[PDB]
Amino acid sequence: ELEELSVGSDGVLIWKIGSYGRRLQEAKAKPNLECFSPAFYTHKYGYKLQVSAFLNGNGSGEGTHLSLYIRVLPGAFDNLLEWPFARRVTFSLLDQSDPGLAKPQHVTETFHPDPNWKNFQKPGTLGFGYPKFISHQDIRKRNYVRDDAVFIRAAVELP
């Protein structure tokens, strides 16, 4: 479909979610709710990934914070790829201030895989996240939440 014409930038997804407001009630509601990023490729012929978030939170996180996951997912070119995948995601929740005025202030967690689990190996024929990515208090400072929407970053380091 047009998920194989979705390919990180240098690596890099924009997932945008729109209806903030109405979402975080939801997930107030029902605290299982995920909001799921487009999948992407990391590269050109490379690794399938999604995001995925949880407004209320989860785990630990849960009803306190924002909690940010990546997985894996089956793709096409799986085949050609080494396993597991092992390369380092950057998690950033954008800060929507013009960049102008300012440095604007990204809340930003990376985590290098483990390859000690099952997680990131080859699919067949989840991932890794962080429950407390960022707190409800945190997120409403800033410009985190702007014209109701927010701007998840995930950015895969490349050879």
Given for the second form:
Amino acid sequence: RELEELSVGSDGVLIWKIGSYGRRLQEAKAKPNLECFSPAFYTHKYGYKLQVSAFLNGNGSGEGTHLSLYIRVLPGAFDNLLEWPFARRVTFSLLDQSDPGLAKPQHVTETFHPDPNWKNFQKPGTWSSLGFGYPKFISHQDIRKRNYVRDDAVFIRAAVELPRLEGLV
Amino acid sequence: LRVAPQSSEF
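Okay, that was the form solved without its partner chain. Show me the form deposited with its partner chain bound next.
What follows is the whole complex; the chain from before opens it.
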């Protein structure tokens, strides 16, 4: 799995394929506990370590009804060089897998300013490893409504909005 | 069922 990470981490954009959706959703019905873990990924070179988890069958207020998406800060080798708490804006997306030439795909996208007072968005070392995000990201009804599920697979995107710092032209 | 959920926004 160190290669899945090497292939992701660098520029704050994870794209995560979750395969065997139908099976995985059936097990999440049998174990409500069951969560999928993305590869860890870094917001920039020597940046924050982040991970994404998905509950195909929902968690908290969306248990049973929704796909639930969370993002989390992990202990990073470079934590002692970064500002805390984590405060970059995160943008979750579930990708509609329709050809973008043949039809501008309708993606489900949400953006949130992290909660400064969440035990996890502060520097690892302070006293939870839980996560933050959307328990009602998309409905079991709506997830089937387009190409969000194509080829028994789903695509979750997490983008750390870090804009370009340039001088005036 | 039950859950130790992680925090959220609407």
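We call the rigid core whatever largest set of C-alpha positions still superposes within 1.5 Å between the two forms. Positions refer to the first chain, counted from 1.
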item: Position with Cα shift of 2 Å or more, rigid core superposed between these two forms, options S19, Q137, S9, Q25; value: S9
